[PDB]
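Trainee: This is what each chain is made of:
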Amino acid sequence: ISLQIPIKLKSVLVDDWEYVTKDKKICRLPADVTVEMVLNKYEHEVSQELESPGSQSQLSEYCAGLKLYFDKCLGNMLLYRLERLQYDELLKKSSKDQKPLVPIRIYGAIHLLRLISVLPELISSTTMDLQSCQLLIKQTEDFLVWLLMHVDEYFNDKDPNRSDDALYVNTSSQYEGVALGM
Amino acid sequence: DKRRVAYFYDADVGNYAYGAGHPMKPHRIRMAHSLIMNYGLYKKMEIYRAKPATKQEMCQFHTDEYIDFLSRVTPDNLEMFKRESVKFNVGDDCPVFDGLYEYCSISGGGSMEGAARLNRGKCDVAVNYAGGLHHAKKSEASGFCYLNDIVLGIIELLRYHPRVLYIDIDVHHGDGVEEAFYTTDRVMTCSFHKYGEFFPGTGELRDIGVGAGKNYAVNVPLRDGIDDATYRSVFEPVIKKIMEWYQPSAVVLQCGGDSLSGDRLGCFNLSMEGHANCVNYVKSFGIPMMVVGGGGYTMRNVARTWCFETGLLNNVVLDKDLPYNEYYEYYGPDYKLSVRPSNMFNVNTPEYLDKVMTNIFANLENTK
Amino acid sequence: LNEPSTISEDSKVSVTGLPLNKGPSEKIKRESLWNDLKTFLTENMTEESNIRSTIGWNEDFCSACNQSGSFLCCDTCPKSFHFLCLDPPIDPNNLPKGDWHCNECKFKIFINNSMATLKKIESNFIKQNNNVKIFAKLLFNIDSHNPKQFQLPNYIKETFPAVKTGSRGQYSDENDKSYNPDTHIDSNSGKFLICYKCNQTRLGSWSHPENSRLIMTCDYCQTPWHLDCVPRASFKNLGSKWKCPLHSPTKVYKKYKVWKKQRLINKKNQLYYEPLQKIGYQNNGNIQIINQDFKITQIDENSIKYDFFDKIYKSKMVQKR
Amino acid sequence: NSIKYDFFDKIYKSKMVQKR
Amino acid sequence: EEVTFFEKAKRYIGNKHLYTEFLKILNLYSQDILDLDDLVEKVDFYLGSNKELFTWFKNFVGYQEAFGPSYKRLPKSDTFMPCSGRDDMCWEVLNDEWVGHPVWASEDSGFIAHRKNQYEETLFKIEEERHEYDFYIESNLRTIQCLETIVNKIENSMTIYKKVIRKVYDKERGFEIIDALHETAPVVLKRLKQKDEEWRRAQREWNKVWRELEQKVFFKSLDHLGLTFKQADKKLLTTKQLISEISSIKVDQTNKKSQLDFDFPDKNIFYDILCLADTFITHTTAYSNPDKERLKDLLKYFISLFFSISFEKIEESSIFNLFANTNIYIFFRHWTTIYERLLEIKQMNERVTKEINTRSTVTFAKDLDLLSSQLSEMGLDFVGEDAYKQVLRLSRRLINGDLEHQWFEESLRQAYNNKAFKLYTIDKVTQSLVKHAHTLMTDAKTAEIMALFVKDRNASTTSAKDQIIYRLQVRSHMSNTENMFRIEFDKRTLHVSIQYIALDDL
DNA sequence: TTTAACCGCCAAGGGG
DNA sequence: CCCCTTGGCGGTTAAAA
Ligand SMILES: [Zn+2]
Ligand SMILES: [Zn+2]
Ligand SMILES: [Zn+2]
Ligand SMILES: [Zn+2]
Ligand SMILES: [Zn+2]
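Chains as they are written, first to last, in my numbering: chain A, 1 to 182; chain B, 183 to 550; chain C, 551 to 871; chain D, 872 to 891; chain E, 892 to 1397.
Any given hint could be a false lead.
What the hints assert, rightly or not - In silico DSBU-like pairs for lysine-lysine, Cα to Cα no more than 35 Å straight-line: (1) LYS1310/E <-> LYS1257/E; (2) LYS901/E <-> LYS890/D; (3) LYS67/A <-> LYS629/C; (4) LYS864/C <-> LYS886/D; (5) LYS890/D <-> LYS875/D; (6) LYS1382/E <-> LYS537/B; (7) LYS793/C <-> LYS1126/E; (8) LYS1382/E <-> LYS1310/E; (9) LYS579/C <-> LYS901/E; (10) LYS96/A <-> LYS579/C; (11) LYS8/A <-> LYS669/C.
These are calculated hints, taken from the structure and not from any lab test.
Please model the entire structure based on the sequences and the hints provided.
Mentor: In structure tokens:
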């Protein structure tokens, strides 16, 4: 099924791929704008402008389902090989406190954006109907337009060398060795 | 000058072999010892045996995990170590042999003891050829090295002196010793190396240092087959300006045999006298020094060069004839004390060196 | 004490090929022939110095990344997984020590009664229809799939005809890459390589090879450069592709604030556009000299000259008034 | 190339007037 | 002036694709994007070759931390690594933020090593075998010493002994015997002594073998250019290379009369080359019986006419110009090459001979046991017999074919210390010189050109039409495509100047 | 598509 | 003893992939 991602978000995704795989950089976690925060802001800002009741409950259902699906599939199909060691570090750090792992409160705005790129390849191997998939595609498109609206604050260009709060952090020889060699 | 010269040599630094075809053998050090003992230089130097270092002194620069790994790793228990091997780069390039920890401890202890003797004032020249592993960086073996005993040396020298100058003339860039002092303005590093697609990979011209140690790191990139009349011409002005303007208190000099002509891995065309001119010019300043010995993978050359250097340090010019050491057969057809250059073509044009000097001097004009 | 006699398996092999106890190896004999006291004074003249100031202290590739390395293989399904390429990431030190089955095998054993599977999914759906149900199918099914490394979905990449996947899956772009007198000859025009900086080729001579200079011929605009004219130590053969100082930065840090040039898109999706003011029109660095966000301005070259002048005038008016 | 000449003549006269 | 800078830049860069980049950079600056410093740097790399326009740009614009390219920066999280001995000053001077890790600085590609010939590889293998023998023997010796100190005590530095006992008892019974020793010392001591004896015997024999192998390879190993030489001279001493060199010099000078220049300080080198040429001509079975004398007379006349050295002593052993075609130019270049090589050889000859005659030997064991008696039995060791003359005699021998090239090269290497590798092709270069003289003789047009040169040279008192009519006559003898070379020589100082007038006579 | 046969060019030496 | 006989090597090119 055809999905129309804006060109800026495609550029951002390509930049993420290049940063992670070529320059060996990984994400700075926990992100200061996480998946939960962006989804909640989207829901709060759109719901106050739409008055119809059904299209307002369906938005909340879509947001909750997106949160659950992100949580259930991040540790499966959203991380490169290099980023799995940091994922293991986070998992074991959480495992020391008998706590659960909530990626929506750690990752943000760039693993959700990369989450909605395989949806055409995720829906295809299912048993759903047609008019239900169309609604999902439409909702993802509205969410993408809203994300493109606030793109000058979720993806800003800052270098790891010059800023500690930058969206990406450099890795070390030991971490990269264990990741890409073990 | 007429300096009081100490000399450190452990009688066990030669009994620790790497892999079979591995180009790094410390046997050369023991060979050099014979060249120093049969030449009658024992009557002019105070030979000591530095006490081997312990974990609490290696961990001054290195980390607890790395040092703890080194002290337990063994060829016997290697297959039970699968994470630290790939993490710490202790695999094939830096192999694990039978006496790794003892060799590293001897190398560290020699450098630290020489630095201490310089500190108290017993000697004003320290020579420890076992140490000089200028590659290891705080968490990983790199280029045949496992413990950066040099950095321990500068730490001990800093415990007394306001400033230290570390000159490196090994063909490979001193990444390990430049990294540990990339930020501070106390230690000033100056490395002459081959820049290209060569092993260190680092050492670009514009690596003046970051943060508080800006303009306190000098890199001299050189091409294939440099010779004495060129290496001296590039060496002398830079060190002259450094010691006139930076004004160090002590000085460490890394005398590696990798720059010698016909070395197994190097690509320079320095003769024995071309190498010795650097040590002459460094000693020509009067400040206390701790000469170490790094690379060099042709023993018949590095042993001769190190013996000639230790003779020159004692203000004597040694005989060009060999005194019939134990390892006579190693020393070639004529059995002299000399390293002969090859006819390889020198690719270092004067214009490139002139530009390098202009950049380096312009950088240093703000280091009173 | 009566230990076993000797080591009959004494000499096995050495570096010389021979067992180190036999000697010449006569074949090598014929191959490699033609036809002030001693050190023992070191034991006593060594004084132990310890005055330190610190003295007192199945498949050969992972089924997730398609790469080789450490493998935790399975038995029910002939597949292989990295210890890290696994959900959850498991540590090689604490091996499960037991039958390890992939998620697909776990489902096929625990669930896959070929007909009853519908019932199972049905049950999940009917405990999620009242709640979020658009994602119910995906939420149920992704518990039956194996972990994978995340690759772009084969169509985001194709939006840019300047990127390509490397060997294992890496990023790759348009910058990935004794006496030789022939390097100064084009071989297509019979002319020399007049360097931009010095305007000379400096071939030297065969009789005097110490007057020639190495030349570069930049890999983007094909202009020749001496290695000495632009300070540089050696040729670029292995790493990235060399680019001479006659190119635009494509990345700018102004004091901070970053500027970057956009990427290359397929010409069908490229929206070219031309302005009308022709004097003052704030554009980015995306110009051409002669989804609607990547518009490259056609800058009308005579404008650039104008776009220069008054700016300098303005830069004067700041410091002259 | 004449518009540039006239515009810059006018602007230089204006700048001289502002810097008399 | 200031309203014409863009035209000047357009004519200076002289390219359209690079002018596009220049305009892009100017726009980048114009949009507040680029700063003033990087703009100045780019205009320095574009127009900085001129000392006039770039300065105008500089004063018109009113121009009047910096990280390196090889160090990354880790976040503060990777600062907290436990160092159980790091003191306060160590925290103060050390650095845990910036790391290089060459693999990052190598662009993940790899490293290019240095090239080593097979002789160096043979030396490395010999060194490896020597090291293995010495290491095992020394380990056994140290363990033997310790065991002796133990046994003499019991009659009434932690891994050496274990390793050596494991090596000796390789049947995997060593682990038990080590602890049995810790709780049997004399028997393992005597077994170690026996093993040491056999190892030392084998090492003596292998020392013999290694000495024999090394004595024929060491000097070859230090010969880097000499091994490739005599193959590169084949493809680098043609006519096309010389024309390429002279044209390159002309082209370089045409962006700013005497393109080439040579100086002939010595005289007897001419006689040396003549002796070599006559020896080769006498030996060679490739010409006619009168042709040999014809070639000899041609060479003698050319030498005694161009340089006016002597018309008779050659058999006892006002600036002049010369217009030439390719044949005469290549012949003169061959002559200049031979003269240059022999002058380089003869310049250092006094110090070379002084070094050879003072070559002392070591008497501790060298003269007692082992000597290199291969280059001395054939007299190719320059004992006395001043090195330049011996080199000439050996060159004549090799030209006559009674000396294989191997021993000539070996003697030259051992006498001149790889400083005379460029004499490996004396025979072939003399053969090429003779062939070029023959081709110069057997060409009608070339013969006419040399006839004109002879007339002009012997005239020695010409008119104001000297150059023009001579050039016109030679060009009439020549075609309308081949190049022209003006070779001049002044008897005052023996200096030869070459100008490359390819087609400038028209 | 490239890379080894393949004929010229050279020089050392084993042995019949 | 002298000639195959070996041993290598470089530009062309046609042949196996
Ligand atoms: Zn080195
Ligand atoms: Zn994997
Ligand atoms: Zn399975
Ligand atoms: Zn140039
Ligand atoms: Zn370019």
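Trainee: Against each hint, give a clear statement of whether it holds in the structure.
Mentor: Now for the hints, and whether the structure bears them out:
no.: 1; hint: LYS1310/E <-> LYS1257/E; result: holds, 26 Å
no.: 2; hint: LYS901/E <-> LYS890/D; result: holds, 34 Å
no.: 3; hint: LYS67/A <-> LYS629/C; result: holds, 31 Å
no.: 4; hint: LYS864/C <-> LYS886/D; result: holds, 12 Å
no.: 5; hint: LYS890/D <-> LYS875/D; result: holds, 22 Å
no.: 6; hint: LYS1382/E <-> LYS537/B; result: violated, 42 Å
no.: 7; hint: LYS793/C <-> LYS1126/E; result: holds, 33 Å
no.: 8; hint: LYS1382/E <-> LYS1310/E; result: holds, 32 Å
no.: 9; hint: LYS579/C <-> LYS901/E; result: violated, 74 Å
no.: 10; hint: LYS96/A <-> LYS579/C; result: violated, 69 Å
no.: 11; hint: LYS8/A <-> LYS669/C; result: violated, 44 Å
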